[PDB]
Amino acid sequence: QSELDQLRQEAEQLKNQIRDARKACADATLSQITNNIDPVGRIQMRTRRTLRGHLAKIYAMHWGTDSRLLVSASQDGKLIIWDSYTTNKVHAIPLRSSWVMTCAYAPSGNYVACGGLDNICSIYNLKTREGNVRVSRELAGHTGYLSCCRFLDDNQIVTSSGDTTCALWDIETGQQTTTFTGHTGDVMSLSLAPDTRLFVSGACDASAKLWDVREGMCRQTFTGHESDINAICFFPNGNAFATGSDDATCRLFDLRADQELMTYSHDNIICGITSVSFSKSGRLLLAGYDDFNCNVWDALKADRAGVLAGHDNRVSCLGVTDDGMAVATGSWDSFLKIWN
Amino acid sequence: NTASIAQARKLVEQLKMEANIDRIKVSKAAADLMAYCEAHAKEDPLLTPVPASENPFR
Amino acid sequence: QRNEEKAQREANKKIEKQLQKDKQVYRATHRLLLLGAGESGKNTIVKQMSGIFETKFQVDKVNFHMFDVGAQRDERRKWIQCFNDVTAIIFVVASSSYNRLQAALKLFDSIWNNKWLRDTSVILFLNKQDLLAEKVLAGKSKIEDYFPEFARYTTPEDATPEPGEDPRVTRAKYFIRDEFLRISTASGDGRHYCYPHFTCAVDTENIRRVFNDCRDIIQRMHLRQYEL
Amino acid sequence: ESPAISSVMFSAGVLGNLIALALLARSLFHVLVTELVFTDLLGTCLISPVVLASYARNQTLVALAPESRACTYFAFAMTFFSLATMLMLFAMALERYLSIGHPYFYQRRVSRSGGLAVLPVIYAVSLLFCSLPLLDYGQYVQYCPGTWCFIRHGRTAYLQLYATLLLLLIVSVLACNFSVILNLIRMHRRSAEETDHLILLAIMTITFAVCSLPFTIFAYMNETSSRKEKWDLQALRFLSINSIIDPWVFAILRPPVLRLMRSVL
Amino acid sequence: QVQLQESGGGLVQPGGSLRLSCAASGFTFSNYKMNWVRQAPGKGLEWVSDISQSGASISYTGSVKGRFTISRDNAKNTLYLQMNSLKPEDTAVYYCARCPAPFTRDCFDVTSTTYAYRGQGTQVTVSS
Ligand SMILES: O=C(O)COc1cccc(CN(Cc2ccc(-n3cccn3)cc2)S(=O)(=O)c2cccnc2)c1
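Chains as they are written, first to last, in the working numbering: chain A, 1 to 340; chain B, 1001 to 1058; chain C, 2001 to 2228; chain D, 3001 to 3265; chain E, 4001 to 4128.
Any given hint could be a false lead.
[Said to hold, decoys possible] Distance condition first, Cα-Cα at most 25 angstroms in a straight line; then the derived SDA-like pairs of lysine to any residue: (1) B:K1016 / A:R42; (2) A:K280 / A:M45; (3) C:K2021 / C:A2071; (4) E:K4043 / A:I33; (5) C:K2140 / C:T2170; (6) C:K2023 / D:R3109; (7) E:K4043 / A:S2; (8) B:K1042 / A:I33; (9) C:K2047 / C:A2071; (10) B:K1025 / A:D195; (11) C:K2047 / C:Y2195; (12) B:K1025 / A:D27; (13) A:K15 / E:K4043; (14) C:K2047 / C:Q2072.
What the hints contain is simulated information worked out from the structure, not anything from laboratory work.
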């Protein structure tokens, strides 16, 4: 009874200590030492391609490391692998469950992962011995819906779930190698670092966490937002990341400074952010919104310098190619577009 | 409140384990990000549009 | 050189030939979201009609797939957005067992006023009418003990009841139906309709009710195309 | 003999069609109304110059001023555009009837992609059934106003078949519209906007039954009786008036516009 | 951090009056619809009252309608619940919940036993 209040008082004392430390390490705003560099001007991206063939809304999408092939997951039950240069469909996999919410493409191009409301992550082999595309594995063991998944290699995979936990699985064996606990809400997204040592995860508790893959413990916690976090993405060098939330605001956090540096918001933006991504240099930050549009932000100057308006329904997913040559956007109107 | 005491111990343990870490100043972190964005300013096809001859989506 | 490209084109042609057969099947089926309030008899209604369970039934050669979420948490503001294109949400409410009736009212108010579920229609099944009748005659628990405006409520004129029930059970049932219809009637922001029904465990004609309500939903959906 | 009636109604019709095409060229019904206004404008713009030509090239003296094969083409294109508009109206009525009368069946078997093919099959059937007389199966003659030609009464059996095909299309359109009205009333009783649709369909059905039946009414009578009373001219003027009214009530008086006009009051 | 701190609880004889306060920090108080919920000893969380962004739309549950009154002061980001004519069946832990998203008109999961935008709660005891 009283010991619980003792523990709460200790926790609030530690919170005050951490906040005062943060305030001590904050000497000059990013928006002050960036006031001299020249603006990027204006970005004018146009719809080069438009991929058709999905029946329902598209939830997920992921580029390949060869920068040419693309994957998309639709709520009709289709996992379609497109060739983006020629607009040809390379594969069309039918799923056992229609409620897929995430999809991932292996960095080797051999496997594809997908999960959803069935709490299972299915791994499909794309290079079977002169045969079809078949379910290579089915990783089960989560308690809530599977919201995100990312390959580390052809054998390891990290998945976020709606049961407030992340998991690192060995695909060959089939059981969880590591479990990352600590979030109090549905983990909505995860982002791998340039190196495969760390990864950030955002949840509905308006906080993001940094997890070490090898050890399995949480390093840092970031609490700048004030509503559910939907998107997360690492800065190209891995020393910072960016998040988007339902409070209609994107934010940039640093790993070594352990606090937020920039806030991207505007007065007429009152819709949440569904997806964020960085360009190859890290100067531009693309963010999809509920108002059917995508905004391009100057990551250093915090001024918006472009719009992407080609979708008729909510922009659900968004991804920049590994060579920085194109931006694929998928929306609930069942169309994938490529911008350049 | 026998299930709450252990959760509170875990929370305060995580708090005091993540309170003792290194923190550089915001000036140097922002300078590193600016230097990275300046070093790769020409290697970004979206930041500066490539002509239609090297653009594969033309 | 060009042989690889034409092989790619042939693979794409076969993929699209299969996608057409899949598209003809995706349009013939109607998906429903069975979203009960818990302890409301939705299990008995799916008896009648691990992450998510699915039940297929067929009425007049029309196929319906009804989904019930299983191993999920009690926070549902993130996975419910998956069901914005479902033709109908079947909302089961334990009319006798409750404060679970206020919980059901608040859940229906959240669904009705959600930004993405604003064009989705709700078929409202007020289950547990037998226990409601026995509890209104027995007088064990009153709705006035949880809904003080139950007094001074006069039963409306229309919708004659079946003879075997006491008029006070009619008053209670229609008071709960009006509690739901106030929420259904008031917001006006998005297009969608509510279809309140009375069900039971001994009932056997719920599939035809869902059939007729979905027929009306699809009729009103086709009707909008003509304007604007 | 001045263009007090002809040119003014032609100008009103093409102006209404262009107004409709302005708010339209920017669903299956959408495809159908585009094609309807397209064929209406095509027919009127290709027919009316030919009837205007016999006003300056003749002072009521010689009905055939340009050549000997002019009013033949006039009557041919007249029958062609008449059958085209009637078949388009039948297709739209059948689509709407299925849409409101049999929703489940319509939900699957009918898709927007197959909507563009309606114009091609109707034009084919109409070219066939209207070049049928050009292959000696029929024959055209000139009428009392002189500024037009059409099928001769008697000496063949083509005018009766044309009139009975028109009557079949008209009664089919009326049956579909009455069934849709019945279904709308039923769905309003089982339950704003259904009243709007009822008003619109009542207007459309009345203006279709008033401006398209007189042709069949007068085509089943003797040629000597009509010309004495000058009914043969109004018989076709009413079909042209129907072709004017169609795009207006289909695109300009849409349920949103009727709702605005009722909110103004 | 989104922090909601409640105050004003205590033991009151049946029929007395109380006034609970809720101080908010870490978010724009005037963009969210606020709620008062409670948990009775041995029961689950139940919704008590709610008030919209401005204060024009207010709703109570059947048990407290007529006795309680909720208000919000946007100038100091504070929520108040004045409880009048308390009875023994009002003893519970009271929580101050925030609606999950701004500018919306619907709040889904304010009574989920794990909701992240709640407070710690004040114990209101009614006895002699
Ligand atoms: O000289 C005189 O008094 C006699 O002139 C005559 C003689 C006989 C019949 C007519 C009517 N007309 C011919 C016509 C008929 C049908 C269509 N059509 C149908 C579907 C699509 N198009 C188009 C044109 S019309 O006057 O040119 C006209 C009226 C209204 C709108 N557009 C044009 C006039």
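For each hint, the structure was consulted:
Of the pairs offered as hints, the one joining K1016 of chain B and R42 of chain A is violated, with about 46 angstroms between alpha carbons and a cut-off of 25 angstroms exceeded. The straight-line distance between the Cα atoms of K280 of chain A and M45 of chain A is roughly 16 angstroms, inside the 25 angstroms bound, and the hint therefore holds. A threshold of 25 angstroms between alpha carbons decides the hint, and for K2021 of chain C with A2071 of chain C the separation of about 33 angstroms lies outside it, so the pair is violated. Between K4043 of chain E and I33 of chain A, the direct Cα distance comes to roughly 56 angstroms. Violation of the 25 angstroms bound is thereby established for this hinted pair.
Restraint check for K2140 of chain C and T2170 of chain C: the C-alpha separation of about 17 angstroms stays at or below 25 angstroms, so the hint holds. Annotation: proposed proximity of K2023 of chain C to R3109 of chain D holds, straight-line Cα distance about 12 angstroms (limit 25 angstroms). Between the alpha carbons of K4043 of chain E and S2 of chain A the distance comes to roughly 22 angstroms, so the proposed pair stays at or under 25 angstroms and holds. In summary, the hint linking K1042 of chain B to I33 of chain A is supported, as the alpha carbons are separated by about 22 angstroms, within the 25 angstroms threshold.
As the CA atoms of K2047 of chain C and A2071 of chain C are separated by approximately 19 angstroms, the hinted pair is consistent with the 25 angstroms bound. With a CA separation close to 24 angstroms, the supplied pair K1025 of chain B and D195 of chain A stays within the 25 angstroms bound. For the suggested pair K2047 of chain C and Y2195 of chain C, the alpha carbons sit about 21 angstroms apart, so the restraint of at most 25 angstroms is met. For the suggested pair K1025 of chain B and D27 of chain A, the alpha carbons sit about 7 angstroms apart, so the restraint of at most 25 angstroms is met.
For the given pair, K15 of chain A sits about 32 angstroms from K4043 of chain E by alpha-carbon distance, which is inconsistent with the 25 angstroms threshold. Restraint check for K2047 of chain C and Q2072 of chain C: satisfied, since their Cα atoms lie roughly 21 angstroms apart, inside the 25 angstroms limit.
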